[PDB]
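Next up: just one chain, as structure tokens, the form solved without its partner chain.
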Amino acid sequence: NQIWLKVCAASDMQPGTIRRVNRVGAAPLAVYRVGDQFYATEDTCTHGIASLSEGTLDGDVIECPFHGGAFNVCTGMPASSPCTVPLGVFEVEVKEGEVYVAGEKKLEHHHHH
């Protein structure tokens, strides 16, 4: 909502490509161009800690490079074994021809007694 991370020009991403987005002190994101639409998840495969931005898109499915598990990039839901834990999904907006991913940070929670 408030936090947006500038990735690159929309024209800098060919369809079927992934860009990794690093966040100082937080988990990296993967931004995917599927044809003419943009999606984002956590970059880190929930199964065995691989970088999904080093994988292969097959339409709207990201194939993990380590064990060939896979996720739907739109839903974050597992699409191939051995993946069982869904990815966090992040909103992506193109603003003035530039790709931004939501920082979906400001997750804030106090000590309960």
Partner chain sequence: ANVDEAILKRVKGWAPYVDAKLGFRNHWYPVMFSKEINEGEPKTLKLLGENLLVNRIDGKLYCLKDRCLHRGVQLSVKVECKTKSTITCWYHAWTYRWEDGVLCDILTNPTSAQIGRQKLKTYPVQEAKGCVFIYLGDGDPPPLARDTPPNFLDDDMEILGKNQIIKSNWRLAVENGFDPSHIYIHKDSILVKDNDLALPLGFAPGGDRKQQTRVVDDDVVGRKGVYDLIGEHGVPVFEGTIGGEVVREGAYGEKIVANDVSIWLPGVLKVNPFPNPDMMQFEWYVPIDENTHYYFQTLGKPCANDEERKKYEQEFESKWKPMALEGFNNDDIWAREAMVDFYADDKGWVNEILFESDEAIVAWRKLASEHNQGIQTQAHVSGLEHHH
Given for the second form:
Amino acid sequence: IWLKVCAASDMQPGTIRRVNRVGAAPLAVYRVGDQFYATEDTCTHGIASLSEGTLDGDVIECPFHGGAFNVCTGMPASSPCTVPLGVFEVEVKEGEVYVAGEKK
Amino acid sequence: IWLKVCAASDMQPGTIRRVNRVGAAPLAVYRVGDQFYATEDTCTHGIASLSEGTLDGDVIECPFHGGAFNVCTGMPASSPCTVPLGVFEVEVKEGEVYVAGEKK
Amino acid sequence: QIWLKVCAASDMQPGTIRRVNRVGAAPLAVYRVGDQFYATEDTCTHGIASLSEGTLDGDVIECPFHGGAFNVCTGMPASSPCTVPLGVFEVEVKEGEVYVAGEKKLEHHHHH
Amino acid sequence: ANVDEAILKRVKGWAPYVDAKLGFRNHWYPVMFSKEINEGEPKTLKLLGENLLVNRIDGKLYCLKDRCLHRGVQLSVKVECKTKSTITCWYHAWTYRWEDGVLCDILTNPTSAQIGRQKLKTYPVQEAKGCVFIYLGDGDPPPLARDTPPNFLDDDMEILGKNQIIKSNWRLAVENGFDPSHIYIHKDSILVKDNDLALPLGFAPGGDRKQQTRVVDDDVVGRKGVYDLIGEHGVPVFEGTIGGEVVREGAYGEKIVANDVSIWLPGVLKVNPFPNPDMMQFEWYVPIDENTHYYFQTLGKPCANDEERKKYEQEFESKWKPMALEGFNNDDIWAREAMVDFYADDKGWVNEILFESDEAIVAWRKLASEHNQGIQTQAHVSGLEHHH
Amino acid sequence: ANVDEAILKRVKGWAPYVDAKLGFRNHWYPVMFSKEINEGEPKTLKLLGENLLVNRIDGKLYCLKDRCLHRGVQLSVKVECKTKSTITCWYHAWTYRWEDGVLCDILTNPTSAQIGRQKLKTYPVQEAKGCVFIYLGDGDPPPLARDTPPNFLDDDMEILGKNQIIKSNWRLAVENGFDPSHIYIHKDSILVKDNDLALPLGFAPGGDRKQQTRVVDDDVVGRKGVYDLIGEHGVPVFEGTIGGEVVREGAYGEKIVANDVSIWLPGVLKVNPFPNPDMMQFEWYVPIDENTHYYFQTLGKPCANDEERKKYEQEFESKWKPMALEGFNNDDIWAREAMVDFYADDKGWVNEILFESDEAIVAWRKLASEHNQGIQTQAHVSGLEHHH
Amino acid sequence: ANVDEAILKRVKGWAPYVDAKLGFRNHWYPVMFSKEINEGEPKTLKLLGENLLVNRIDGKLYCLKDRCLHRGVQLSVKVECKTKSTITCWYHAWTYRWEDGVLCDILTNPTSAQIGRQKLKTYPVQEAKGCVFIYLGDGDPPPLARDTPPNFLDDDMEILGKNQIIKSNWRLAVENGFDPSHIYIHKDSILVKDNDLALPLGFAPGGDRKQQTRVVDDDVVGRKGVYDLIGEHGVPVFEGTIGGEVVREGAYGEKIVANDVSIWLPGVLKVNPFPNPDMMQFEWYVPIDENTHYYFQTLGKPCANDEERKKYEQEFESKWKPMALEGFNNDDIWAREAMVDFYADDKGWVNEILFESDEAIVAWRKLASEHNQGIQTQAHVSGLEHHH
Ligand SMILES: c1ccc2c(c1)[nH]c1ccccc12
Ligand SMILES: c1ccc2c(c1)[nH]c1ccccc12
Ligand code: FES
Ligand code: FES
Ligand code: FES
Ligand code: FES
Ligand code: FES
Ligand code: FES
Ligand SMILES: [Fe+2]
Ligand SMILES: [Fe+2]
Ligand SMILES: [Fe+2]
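Please show me the structure of the same protein in the form deposited with its partner chain bound, now that we have looked at it in the form solved without its partner chain.
What follows is the whole complex; the chain from before opens it.
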């Protein structure tokens, strides 16, 4: 189920990493300070890649139209986004980043 | 000739008190600091009750459209009001407020 | 003639402007920036306004008609709607007397 | 807001109402009659500034926002209903279900990730008394009864009417309709003479301000309205004078109509009885955009059987529609239009000089401000905006 | 201010003039001819953005603002003059006296507290030389002569004319009229050949700036204006050249005209003599709204008796009106319209590139800025706003 | 600054493009065909919001801004070319040379100090392939080839076409043209059947984003554009389905067209081959103002001599123009118009919901934002502003 993403140190604070999944939609792993989170990478408002957006605290701003989501709840934080993002709980064990295989 | 309004102590500074008269149009008694003044209660610009408005110093603002009058002179202070307000004589005797029946 | 006598350098306060009328020619405007003297045509290139009736701010003269402006040293436009450069006339002080050239400077025989 | 904040700040008794130039969201509104929309024949209309599409599938009505989610074009430019339960945008074939607005297919890219993950806005639609009502709001709708005048929905009440687009903001229509003194503009109506109506030129108010109206803050169905009681203690004016000289007289007919007049949110008037002692008039002033409204007129009469309904239907077409709905109310149409300029810059809401009978309008303005279910904004039209 | 402050700040010599987009308040303005307004027949018109009503009672003119105090409708939508001295609003019957605008009665409620306590705006009206002048201002008016060009009011000066609505701001009309060099656009006017006129194509200025005009601010009547003296020291252009080659010539007729042109506040031009050596032309450019003005044309010719007045009137219809007022001035109309776009956004007042002959226009702009009696604002139109 | 800054800040990937409502300055634009501009016959047109005048003198084309420097009127209201190499404003006769715009004479005042000291704006103009291109920019122009699609300038490429004014912003036209999925609107075009075309309904993308297009910014002539490669790894859609059931099919003709589609700055599309396997289509969407554009269509077919050229011309008039340029592209016109409302308030640039095939449009938006040569602004139209 869980998928090994990378070493925690592979990500500088406040950055985002896209996680491609063969046969499935890509995911986005966000490093907020020393905390890690994961959601679907594709903005629910279009085809934009959230991992190519801007992170402000635990809110990811889409690069296309300025829509935004809370990376912890997946709920929209800014219009035009209205459809909640898929959230994937992450696990950091022994300086290693793991992202749940399933949503919620 | 005079009508008993209330005891000066029953009115906090900067407050308005409507004086309903039987068989006649209502009046408005204002307390600006320690002095008392009286005018027609009905705004000259329409059918609003000035006693339901806001008092700022010696200027009463009508709740309908924001017009205002100086409660001492009854003269228009703010647009859209243009017609002078009828002013009534007020007397304070034995700590009680009295308003004259007819305007001065 | 080559050098036109304008006035005594002392007759002009820093930050002021003086108009110089010439027989059979357009008027000039002499400006005093600090203790330096510059001169240009008096007529704004944007219309028919007299720049000497304008406001001098440092080395920039502002036309009273539309708010256009020029640098009095180079004559180059400093503010819209002015776009055409002012002719610039050399000024020199001899014996504490201010003189303004009768012919405007040219991009002829000077720095490349 | 929809109006200059400096203006709203001045209007302390009914700022929300003045702000509601596009109408009140989260209320039911009639937009057409049932017979106007047939099976599988989508119809377009604009309500509260929003372009909508209504269709009848298997006898039931469905309403979808007439704006594709993709590039914002109106689907109605070229209607493509390829299956009984869907509509396909003519541009890139995004397909939606009339039932829930879900984007179920995209003919130009059947593998798109958008399929099943987007939803076109839908609004509840309900038919009652041959009238089509749309709930221009969000979430589960309240009973239609809440937004209709008392008795309109009575089992035996037979409703017949007319609808048209009028060039004035809806509020000007509501106020004219509930205006106790506007009766003066009807002094020469054919209905007054041809139906022997008693009609005063106006009213000399009697009693206190509180007695001039009766506000209904709650009904068993949550209705919100105001009854005009100026005639309760007021003196009907039958002879108009200027400097003491009589220059005009009211109508001394025998039929007494308009016993009670009430206005209800979201903006529907009830005149009873009218235009005849045995009838009732219910009329809505529906916001289309900031400059226009639907003047949805209906005349109701209790009918126990099909014979009565038939007879009434005949009288409606031959008499009531032309003599009353048109012969009487047409003067209201241009009266509304005449107030447009004064309020167009929103300054009339400050500069108007009201007199006694306007207590009715003031009561309506306050009631509307206090009990409306939401202020429609231009942002609702283009797409709600919020920046974190 | 009616204009962006950034623009006004840039125009130091005539900012008030640039700001006066709606015209100057507190001045007399001609709006129609006496013969156009009959006894008891109210006429509507818009002046300085304000809707007005003019009526003739017992031969005398009265002016009321055409906007009921109640709900702001135009009384003229449905005129109800129920007694010789009053007008009753068609809506709720508020009745006003023509002489003082006082609300004297209300047919819908003869007991209203507003009666005798509200007053509709009135404006002074005066007829002179068969022309109807309205003082669009407040307080007792000054004499009409202050706002008229010299000689217009002369006892034996017979005044005849024409009026119409033109699509351009009044200022563009004024400047076109007072423009010394715009004479070029009239080079092919039928008046030139048909009346054998001498008419140059322009003027080569001569002398100093001060000599280009004569600013009048010492007139005993109070008149404020400017005389165009470009011809006193200038050399008339009769042979227009390009590259040194003559491409166009002026008119070498025998009749000398327009040796003195002058513009006067609030905006009236005087051309003498014109269109014939024994005549004068007086034309106003009256502000209707920011985009339109009345082009009030009049021609004056001394007349000692009815015989001369008749022959003059006769000659007016057959020659002067069609050949001059129309045949000559029609090109002025589209010339004005042609400047609309450049000045519409107010930027033209900054980007214009003036040349020598515009010294006259500049003088006028400064005179107008300094001696106008008030700047009309949109607030004057809707209702003055203040907090004190 | 043409768009609300709040909106622009939201669009991180292509803000300059969203801001380019008036088009990109400093690029060549075709505005008419050579045969449409005759010797000494001035023609007017508006390009990027600027009124221009074009004239042919001794066979060569010249372009002057249609706005007199004096009072800003359009010289074209009353054209006055008194000498072959000049034009004289009809107002005060300021005269300019077509060749450099220099104010060389002033008929109303030959002594004016302005003469020779002012210059009307001129723009480079050049004819190629029978098309008139105007360089709406400043300074020395770059080679025309930079702003044209590959092969448009090939020696043997015979160019024919049609031009017209369409009521939509230029960007909506560009995107509709480069839109891979819009092909759906052409499913019933007479060209499909009448010219036996193979035409799918859309495309199911394959491969990654980068593969969907080819961004060209390494072309030697300097041209910048994007190739739509969606059909390289994507499956063409021939059976349109709803709920898995086939409701519409594409066209199964023999002629393979549109193998490669590319869009190039400043805004010209190339469809190859089209509308026939041996032809190419090059179309421009030239900005006239914020609401309209020239739809400059051209079809190119290699020809080796006058025989084939004449042959092609005849086939163009009888077949290609009516069957393709009109029979096929007419649907593009109303499609562009249908998107106006959504984008008119600039909100559509935020609220649009894109899907996979729009990747091509996004690439174009980014390319245009990064390689355009300048953002035309309202200030360019009225007069650039700058305060010291
Ligand atoms: C010179 C000659 C005639 C006229 C003028 C200037 N300005 C005018 C304005 C109106 C009518 C005629 C003229
Ligand atoms: C595919 C097939 C044809 C076309 C296209 C894409 N884009 C086009 C633009 C203009 C004319 C034809 C086409
Ligand atoms: S694609 Fe993310 S906000 Fe629109
Ligand atoms: S009623 Fe008081 S300001 Fe209008
Ligand atoms: S005349 Fe000097 S800025 Fe215009
Ligand atoms: S705009 Fe409707 S599918 Fe593209
Ligand atoms: S609007 Fe005139 S009386 Fe009411
Ligand atoms: S507007 Fe062109 S010469 Fe004066
Ligand atoms: Fe009515
Ligand atoms: Fe003229
Ligand atoms: Fe197309």
